[PDB]
Each structure stands twice: as structure tokens, then as C-alpha cells.
Amino acid sequence: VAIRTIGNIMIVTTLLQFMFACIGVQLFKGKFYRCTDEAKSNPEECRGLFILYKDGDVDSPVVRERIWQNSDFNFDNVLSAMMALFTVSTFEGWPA
Amino acid sequence: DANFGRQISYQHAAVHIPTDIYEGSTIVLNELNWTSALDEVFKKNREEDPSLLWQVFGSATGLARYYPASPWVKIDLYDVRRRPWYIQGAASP
Ligand SMILES: *[C@@H]1O[C@H](CO)[C@@H](O[C@@H]2O[C@H](CO)[C@@H](O[C@@H]3O[C@H](CO)[C@@H](O)[C@H](O)[C@H]3NC(C)=O)[C@H](O)[C@H]2NC(C)=O)[C@H](O)[C@H]1NC(C)=O
Ligand SMILES: *[C@@H]1O[C@H](CO)[C@@H](O)[C@H](O)[C@H]1NC(C)=O
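Sequence lines, in order, name chains P and C. Oh and the first sequence: position 35 is 51 in this note's numbering, straight run, nothing missing. Oh and the second sequence: position 26 is 33 in this note's numbering, straight run, nothing missing.
Everything labelled a hint here was simulated from the structure, so no lab data went into it. A hint or two may mislead.
Calculated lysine to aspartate or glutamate pairs in the DMTMM-like style (CA-CA distance at most 20 Å, straight line) [said to hold, decoys possible]:
1. 70/P with 54/P
2. 81/C with 54/P
3. 56/P with 8/C
4. 81/C with 27/C
5. 81/C with 88/P
6. 70/P with 60/P
7. 81/C with 92/P
8. 47/P with 61/P
9. 50/C with 83/C
10. 56/P with 86/C
11. 45/P with 75/P
12. 47/P with 73/P
13. 70/P with 53/P
14. 56/P with 81/P
15. 47/P with 60/P
16. 81/C with 75/P
17. 70/P with 30/C
18. 45/P with 81/P
19. 51/C with 83/C
20. 47/P with 83/C
21. 70/P with 8/C
22. 47/P with 75/P
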């Protein structure tokens, strides 16, 4: 009974989340990509191997691959935007 | 071979591409095509003076092509553009 009497608010907030997800799709469509090393800034450069300096030490290098990978939570399409906005609305991982 | 600490081949010239440079990029492959004509001059020099040590062309794109071909020697941090012999010929004091 409590669920039935409160269905009006759920529809309104779902519609608001949908609108914000559409706006977020328009704003951050595909812009969340990044390379494995913060030196190459396009997919044509994020290929091959690179030297990684562990913990910022210049005397402790290690070879690692370059991968042009998308973010775990992004705004590519409507479903991804809705998921990201849900995680934000749960007040968790939203600063990142 | 004698007067050489490694196993070498005179049939062609080896190419060293540093780790922080991706082979197969447009810049590198283009440099790997027109430099393939140096191998004939590498053999011609060795014919006249058989007691000739490494002949190397240090490209400004990073890759170094040396003759005779021999396998390269932890991680590899070699870069031909930072070598003392490259720097003196790329500029003045
Ligand atoms: C840069 O790469 C180019 C692409 O491979 C090279 O151009 C090709 O060189 C081939 C080797 O000579 C040519 O094949 C033969 O060339 C001789 C010389 O004129 C002729 O017998 C014919 O043109 C040809 N024979 C065939 C096709 O049966 C290619 O024609 C030529 N062009 C292509 C493949 O488009 C360049 O040589 C290379 N640069 C350097 C410095 O090596
Ligand atoms: C090399 O130098 C010698 C003298 O050291 C000289 O006689 C000779 O002509 C030069 N060239 C060749 C191909 O030996």
C-alpha cells in the first residue's frame, strides 16, 4: 500500500533523472576516454609500450602497455548516463 | 665473428627502436622505408675497408639503423638522440 500511494513521486524523479541523463549525454559524449600514460592524448598516439616510473621514482622504471580505455562510468549513451547519475545520486564516488 | 664480441651478420642492417616509441606509426614506417637504401652503402664501405666497426645512422625520429646486424643487449632505456656522439653533430657548443 505504501508503494502504491507513493508512485507519483517515483515517476517524477525518474523523469528528472532521465532528463539529466539526456543532458549529460549531450555534454560528455565520449569525452571520458584516457590513455594508460598521461602523455598521449589521442588514440593514434596511445599505442605500443611505455616506460612507467613507479611511485614517481625516476630510478625505478618499468615497462607497461599503452591502452586507450574508456571510463568505468561514462555518458556514452542514455543507459550509461542513467547508471552514472544513479551512482552520483547515491552520494558515492561522485567526486571522482 | 672475430674483432666483434657478438654474433653478427653482414647480409643486412639491424634497426633499434626505443621502448618509448611505437613501431608501426606513420612517421616510423616512412623512416623505415627510405633508410632501407643505406644497406647497400653499408656493404660498399665494408668491402673497401673490412676492418670497419659499427656504422650507424641516428634518425631524428628515434630509431637507429646500424651495420652489421647484431642482437641488442633489465629494461632498455637506450635513445640514439641523447647519445654523446649524436648531440655533438646536431648542434654547436
Ligand atoms: C618505399 O616503399 C615503396 C613501396 O614498396 C617502394 O616502392 C616499390 O619498390 C618496388 C621495388 O623496386 C617496386 O617493384 C618493382 O620496381 C622495379 C623498379 O622500377 C620495377 O621492376 C617495377 O616498377 C616493380 N615491379 C613490379 C611491380 O613487379 C614497386 O614498383 C615500387 N612501388 C610500389 C610498390 O608502389 C620503394 O622502393 C620504397 N623506398 C625505398 C627507398 O626503398
Ligand atoms: C686506408 O688507410 C690506409 C693507410 O692506413 C691506406 O693505405 C688505404 O688506401 C686506405 N683505404 C683502404 C681502402 O684501405
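Legend entry - Hint consistency between residue 81/C and residue 54/P [alpha-carbon to alpha-carbon, up to 20 Å]: Distance of about 24 Å is beyond 20 Å: violated.
Inset, instruction - Given the hint that residue 47/P pairs with residue 73/P, test it: the Cα-Cα distance must not exceed 20 Å. - result: violated, 30 Å
Inset, instruction - Please work out if residue 45/P and residue 75/P have their alpha carbons no farther apart than 20 Å. - result: violated, 39 Å
Inset, instruction - For the pair supplied as a hint, residue 45/P and residue 81/P, confirm whether the alpha-carbon distance does not exceed 20 Å. - result: Between residue 45/P and residue 81/P the Cα gap is close to 26 Å, so the pair fails against 20 Å, i.e. violated.
Inset, instruction - Please work out if residue 70/P and residue 54/P have their alpha carbons no farther apart than 20 Å. - result: holds, 14 Å
Inset, instruction - Take the C-alpha atoms of residue 51/C and residue 83/C, compute the straight-line distance between them, and say whether it is at most 20 Å. - result: violated, 31 Å
Inset, instruction - Verify the proposed pairing of residue 70/P with residue 30/C, using a straight-line Cα cut of 20 Å. - result: violated, 24 Å
Inset, instruction - Measure nothing beyond the straight line between the CA atoms of residue 70/P and residue 8/C; if it is 20 Å or shorter, mark the hint as holding. - result: violated, 40 Å
Legend entry - Given hint residue 88/P paired with residue 81/C - CA-CA distance at most 20 Å: violated, 33 Å
Inset, instruction - With a cut-off of 20 Å on the C-alpha distance, tell me whether residue 70/P and residue 60/P pass. - result: Given that 20 Å is the threshold and the Cα spacing comes to 25 Å, the pair is violated.
Inset, instruction - Assess, step by step, whether the Cα of residue 50/C is no farther than 20 Å from the Cα of residue 83/C, and give holds or violated. - result: violated, 28 Å
Legend entry - 20 Å Cα cutoff - pair residue 81/C, residue 92/P: Roughly 41 Å separates the two Cα atoms, so the pair is violated.
Violated hints for the displayed structure, listed by number in ascending order: 2, 3, 5, 6, 7, 9, 11, 12, 17, 18, 19, 20, 21, 22.
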